[PDB]
Structures are given as structure tokens and as C-alpha cells.
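*Asks:* Here is how the chains run, residue by residue.
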Amino acid sequence: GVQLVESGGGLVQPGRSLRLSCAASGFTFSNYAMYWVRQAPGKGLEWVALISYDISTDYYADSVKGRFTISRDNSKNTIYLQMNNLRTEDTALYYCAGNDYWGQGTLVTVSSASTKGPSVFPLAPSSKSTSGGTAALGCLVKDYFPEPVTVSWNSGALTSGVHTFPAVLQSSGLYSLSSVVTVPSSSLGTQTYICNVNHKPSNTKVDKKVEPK
Amino acid sequence: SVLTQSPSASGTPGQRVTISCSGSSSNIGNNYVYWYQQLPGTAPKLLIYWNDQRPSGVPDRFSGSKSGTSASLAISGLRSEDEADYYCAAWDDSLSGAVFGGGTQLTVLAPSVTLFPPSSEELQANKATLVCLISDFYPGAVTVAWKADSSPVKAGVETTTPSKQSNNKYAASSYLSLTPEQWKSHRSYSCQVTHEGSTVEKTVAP
Amino acid sequence: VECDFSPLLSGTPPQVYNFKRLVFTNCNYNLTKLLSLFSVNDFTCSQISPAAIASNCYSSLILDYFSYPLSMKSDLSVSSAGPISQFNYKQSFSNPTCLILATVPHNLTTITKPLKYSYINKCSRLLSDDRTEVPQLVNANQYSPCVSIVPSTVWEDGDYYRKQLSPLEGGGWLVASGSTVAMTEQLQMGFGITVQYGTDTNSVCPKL
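Protein chains in written order, with this note's numbering: chain A, 42 to 254; chain B, 534 to 739; chain C, 4 to 211.
Do not rely on the hints blindly, as some may be mistaken.
[Said to hold, decoys possible] Coverage of chain A stretches by chain B, computed from C-beta distances (three or more under 8 angstroms per stretch; other residues unrestricted):
(1) 62-74
(2) 118-130
(3) 142-156
(4) 161-170
(5) 189-199
[To be verified] Computed from the model, here is a short list of chain C residues facing chain A with C-beta under 10 angstroms:
(6) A54
(7) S131
(8) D132
(9) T135
(10) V137
(11) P138
(12) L171
(13) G174
(14) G175
(15) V178
[Claimed, not checked] Residues of chain B clear of chain C, computed beta-carbon distances all greater than 10 angstroms:
(16) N563
(17) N564
(18) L572
(19) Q586
(20) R587
(21) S589
(22) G601
(23) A622
(24) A631
(25) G635
(26) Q638
(27) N701
Quick caveat, the hints were computed from the structure, so don't treat them as lab data.
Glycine included, each C-beta is placed from N, C-alpha and C at the ideal position.
Produce the entire structure from the sequences given, and follow the hints as far as they go.
*Replies:* Here's what the structure looks like:
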């Protein structure tokens with residue numbers, strides 16, 4: 042099937058440059074014209090640039106005119122967004138997705154200014170767990186800039202009951218998010234619940250076991 | 534030059550809604566109009582191509598209309614899974630560019646609480662965070678208040694917006710930032726959730 | 004109450020690629036009452052039978068109609084290539100359908116004949132590598148992508164129609180060609196039925 046994967050996202054100083062890549066599969070790449078679209082945090086969609094199927098005609102939005110350069114390799118089936126003179130307004134999720142098929146974008150967060158590994162403390166349950174009832178546990182991922190941080194449970198084997206909440210920006214300027222799961226209480230002493238936390242922008246991988254104190 | 538969309542729309546299950554998209558002649562009229570849906574936390578998906586064509590998989594419930602200066606998306610038999618943001622797109626031959634609409638957020642019409650104290654690890658890192666977790670509430674509206682012993686706390690309180698869960702109920706989280714000294718020195722700390730005027734409170738002590 | 008098949012009988016039926024669609028909910032039908040007016044030559048169904056479709060309660064009944072020469076019967080099947088099923092008309096393969104090929108008798112006068120039968124023999128998109136052509140296939144319950152550039156009557160067998168595509172449309176060119184078939188003594192027509200079923204709304208019921 043038509044698959045589209047965006048690459049090249051991360052932290053990149055303003056007025057620096059960052060080039061994004063788009064791997065396509067499942068269709069004749071050379072036969073389709075392609076798009077670049079970005080979405081600032083919690084904002085609406087904004088078009089960036091356009092390349093004809095072959096590299097021929099290429100058009101831009103005035104927000105990126107002169108700074109960004111769109112390119113592709115029809116022999117490598119790859120799309121490129123050479124962004125130059127990056128700005129704070131360029132902080133966005135950049136999606137590469139020839140209309141009729143769309144891939145999961147890639148985060149491009151400004152410069153920014155220092156940072157970081159997140160710290161990952163546990164949110165352990167309580168002995169008072171409804172004797173024969175539901176309990177809840179989770180992990181707390183504090184003090185971190187930029188987004189994103191991804192938290193899974195039992196290497197993905199546990200999905201039922203999981204809530205992963207939006208990260209918040211503390212007054213320090215770092216983010217903090219937590220991730221929770223509801224579980225039976227009979228299974229507290231007999232099953233292993235481990236959160237797999239990941240902050241790619243700084244390469245932090247933490248697998249954390251949560252158990253009662 | 535620009536595509537004007539209403540920012541929001543609403544309706545009941547089974548109802549029919551019409552989202553408008555106004556533009557000009559360089560964008561709409563000479564070039565086709567396109568319609569896309571964004572569900573919470575997911576990438577955009579093609580809904581309507583070439584003014585009025587549905588790609589494979591798009592249910593017949595969704596339909597497009599196109600006039601000279603404007604375009605429209607009609608949604609019959611509304612469902613709760615349709616609660617999402619809807620965007621229209623057109624070309625500026627003069628500006629040589631795609632232009633997006635502002636998007637129309639279509640909304641289709643008791644909380645469970647779990648409270649965690651600061652971990653001993655975080656106390657060892659000289660930080661104390663209280664975590665108050667709300668899930669499975671409807672409607673998506675709650676009001677939260679924090680307490681130190683028995684007195685309110687507004688310093689260091691940070692609360693998220695409600696988010697539609699997978700089960701179409703809502704989730705929200707609240708954090709109280711404390712020093713380990715504030716944590717240990719008080720008898721207790723409490724989280725208070727008000728929803729539909731009804732209140733649920735949890736308390737923790739060092 | 005009472006489903007209205009009157010518009011079908013008034014005027015000139017459109018060509019296959021411009022099929023007219025009548026949508027019915029919340030009424031009572033008499034199907035053999037309508038088919039009593041025509042000489043019915045072919046009547047085939049999918050996931051239903053000619054007997055069952057005339058006597059069931061549906062949540063929705065869709066009736067497409069158009070002029071169609073009996074001679075191109077075989078082109079209705081999605082089997083084969085067939086310009087009809089590829090570029091002109093395609094029924095849902097998901098929902099239960101029926102297809103009927105009928106002649107309008109002399110004693111049926113309110114239905115006027117067009118000059119000829121027209122259809123789309125080709126609907127393709129010249130990719131912007133201006134060498135590769137990608138067929139533009141009609142979807143179920145949809146019209147051809149080429150309906151905007153093809154007139155409702157094909158002028159002269161072999162006519163071509165092209166449109167330059169804006170970059171919003173993906174660029175390139177839309178290319179279509181039209182074909183014609185001579186009018187018959189009595190007009191011949193095609194009818195496509197699609198029905199839907201559910202839980203609490205099957206209000207399209209046969210009249211008793």
C-alpha cells in the first residue's frame with residue numbers, strides 16, 4: 042500500500058537550516074506531484090511548497106519564499122525540503138503526503154536554547170486498592186524541552202486502560218507529561234507493568250518498573 | 534487570495550450539517566476545491582477530491598458542492614466519530630500556491646479520579662509533584678481546585694484541557710508543583726474535581 | 004407514503020455517464036407496476052433476486068436511469084475491461100444491486116428519444132511525464148472524472164476532450180474520448196437499483 046514516512050525532524054537553530062526527507066512506497070513515485078505542509082503546535086494547517094513529479098516547476102508560500110527549497114529524487118523515490126533561515130514560526134509538524142495518501146509528519150522545533158534528558162519518576166499505586174476492584178498506576182516524565190516524549194507500556198503489550206496526557210510547559214520552560222493505566226488489583230502483585238519512555242530529540246530511552254512502595 | 538471557513542460547526546447524531554468555504558476567483562471557481570478531515574492526534578486524510586468525488590473508502594454520507602465564489606461540504610447522518618477539524622483547499626494561480634482554509638471544528642454532541650503523591654525518587658531529586666488524573670467524564674467540562682491541608686492553592690497549579698478519549702469520553706490531568714519541604718511540612722494535600730456541579734476529592738499525606 | 008417514479012417517465016433520459024439518480028426513503032413502492040410499462044429484456048441482480056427486490060423493506064432505495072442500447076449489454080459487467088464499467092457507470096459492489104435493460108413501447112409517449120446513444124470510450128490522465136497515461140476509473144455511485152469536459156451528447160464518434168490541470172489538481176492533463184451508437188426504433192434504457200438495510204428505519208416498503 043501507499044506508505045509515506047517523514048524524516049529529518051528535531052531541534053535546529055533559527056537561521057540554521059534543516060532538510061526534511063520523505064520516503065514513499067506502494068505507488069509509482071515519479072508519476073505524482075508532491076506537497077509539503079506544516080502545522081504549528083495546536084494550530085491549523087499551512088501550505089509550504091510544491092514540486093512537480095519530475096522536479097520541474099516548484100512553487101512556494103510567501104512565508105517560505107526564498108528560504109525553503111523543494112526537491113526530490115525520482116530514482117530514489119525521495120522528497121526533500123531544504124529549509125534555510127529557519128524561524129520560530131517554522132516550528133511545526135511537517136507532513137509529506139501527495140494528496141489521496143498521507144503519512145505521519147515529523148516535528149521541527151525551533152533552535153531552541155539548551156536541553157535535555159527528561160527525568161522519569163514513578164507514579165506507584167496504593168495499598169488501599171479496592172480489594173477486588175480497579176487500581177491505577179503510571180509514570181511521570183518531568184523537566185524536558187522540546188516535545189515529543191513517547192510512553193508505551195510493556196513494550197506495547199498493554200493498551201487497554203492507558204491514558205497518555207498532553208505535556209505541559211512549566212514556568213521553567215521545560216515540559217512535563219505523565220502516562221497512566223487502569224488495571225485490576227488482583228493482578229498488582231502478580232504482573233509486571235513497565236513504561237517505555239523515549240525522548241528522541243535527546244536520545245533518552247528509559248524503561249521504568251512501577252510497583253507499590 | 535485566502536479561503537474563509539467558519540471555525541466551528543455542530544449538530545446531533547443523525548442531523549445534517551453544511552460547512553462553507555468562501556474564496557475568490559483566482560482560488561475558487563477556476564480550480565477545484567478539496568476537503569480533508571483531522572481527528573484528534575492523527576494525520577489528515579483525504580475526504581473529497583475534485584470538488585465532488587469520494588476516493589475509495591470514503592462513505593457516501595460525505596458530499597461536496599461547488600459554486601463560483603464558494604464551496605460546501607454536506608454531512609448527512611452525523612455521527613460522534615465525525616467530531617474533528619475540517620479543512621478546504623484551493624490554488625492561487627496568481628500567487629502560484631496552495632492556500633488552506635482556517636478549518637471548521639465540528640463537535641458532535643461522572644469523572645474517574647486517581648491521585649499520586651511525589652515519588653521518593655523525585656523527593657531525592659528535590660522536587661515534589663502531585664498528579665491528579667481525570668478520565669471518562671462527559672460532557673468535556675470540569676473545574677479543579679487544589680488544597681494544602683485545608684486551604685486553597687493557586688501557586689504552581691497547572692491544568693490541561695479536556696481531550697476526547699478513544700471512548701469519546703474526556704480525559705484531563707492536573708499538576709501541583711511543590712518543594713519537598715512544602716510536601717513534608719503539611720499534614721495533607723487534596724485534589725478537588727467539580728463536574729456537572731458534583732464534586733469528587735482525593736487526599737494524600739507524607 | 005408512495006414512492007414517486009414519475010420523473011423517469013417525463014422527457015429524454017440522459018446518457019449513461021450522466022445517469023439520473025432518484026433517492027427514496029420513507030415510502031411504499033410497487034416495482035412491478037413500473038416495469039409493467041416497458042418490455043423488459045434483461046433483469047439480473049447481485050446479492051438479491053428479481054423476486055426479493057420487489058418485496059422487501061429497505062432503509063434506502065436508489066434508482067439510476069439512463070438511455071442504453073441493448074447491444075452493449077455485455078459491457079455492463081465490471082468483468083472485462085469495458086468502457087462503460089471503467090469510465091461511465093459502476094454500481095456498488097458492497098450493497099445489493101440489480102440491473103435492468105428494457106425497451107420503451109410505442110404506446111409510451113412521454114419518454115422522448117435523443118439523437119443517439121453516447122458513452123465515454125476513454126478517460127485517462129496524462130501524467131506530467133507526458134508519456135504515461137493513467138486511466139481515470141469511475142467509482143461506485145459517482146460520476147466519471149471526465150464528466151466536466153465531455154458534453155452530455157458525444158458530438159462525433161471519436162471526439163477528444165482535454166483539460167489542463169492546475170497544480171491543485173496534481174498538474175498534467177485530463178484526456179477523454181467519446182463514442183456514439185445509432186438510435187434504435189424504440190428507445191432502449193437501463194436502470195440500476197441499489198438497496199440498503201439496517202436496524203431501525205427500513206421504511207422503504209412495498210405497498211400492500
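*Asks:* Please check whether the region 118-130 of chain A has three or more residues whose CB lies within less than 8 angstroms of a CB on chain B.
*Replies:* n = 0 at 8 angstroms, threshold three: violated.
*Asks:* Please check whether the beta-carbon of B/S589 is more than 10 angstroms away from every beta-carbon in chain C.
*Replies:* violated (7 angstroms)
*Asks:* Is the interface hint for C/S131 satisfied, with its Cβ closer than 10 angstroms to some Cβ of chain A?
*Replies:* holds (5 angstroms)
*Asks:* Does C/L171 hold up as a contact with chain A if the rule is Cβ-Cβ below 10 angstroms?
*Replies:* The hint holds - C/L171 has a Cβ within 10 angstroms of chain A, the shortest such distance being about 9 angstroms.
*Asks:* Under 8 angstroms between beta-carbons, do enough residues of the region 161-170 of chain A, three at least, approach chain B for the coverage claim to hold?
*Replies:* The restraint on the region 161-170 of chain A holds, since 4 of its residues have a Cβ under 8 angstroms from chain B and three suffice.
*Asks:* Checking hints one by one. Is C/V137 an interface residue toward chain A, by the C-beta closer than 10 angstroms rule?
*Replies:* holds (7 angstroms)
*Asks:* B/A631 clear of chain C by more than 10 angstroms, beta carbon to beta carbon?
*Replies:* violated (7 angstroms)
*Asks:* Decide, holds or violated, for the assertion that all CB atoms of chain C are farther than 10 angstroms from the CB of B/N564.
*Replies:* violated (5 angstroms)
*Asks:* Does the claim that B/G635 lies off the interface hold, with its Cβ farther than 10 angstroms from every Cβ of chain C?
*Replies:* holds (18 angstroms)
*Asks:* Measuring Cβ to Cβ, find out whether B/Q638 lies farther than 10 angstroms from everything in chain C.
*Replies:* Nearest chain C Cβ is 24 angstroms from B/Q638, so the label holds.
*Asks:* Going by Cβ atoms, does B/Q586 stay more than 10 angstroms from chain C at every point?
*Replies:* violated (6 angstroms)
*Asks:* Is the Cβ of B/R587 farther than 10 angstroms from every Cβ of chain C?
*Replies:* Non-interface label on B/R587 violated, nearest chain C Cβ at 6 angstroms vs cutoff 10 angstroms.
Hints 1, 2, 5, 6, 11, 15, 16, 17, 19, 20, 21, 23 and 24 from the list above are not met by this structure, while the remaining hints are.
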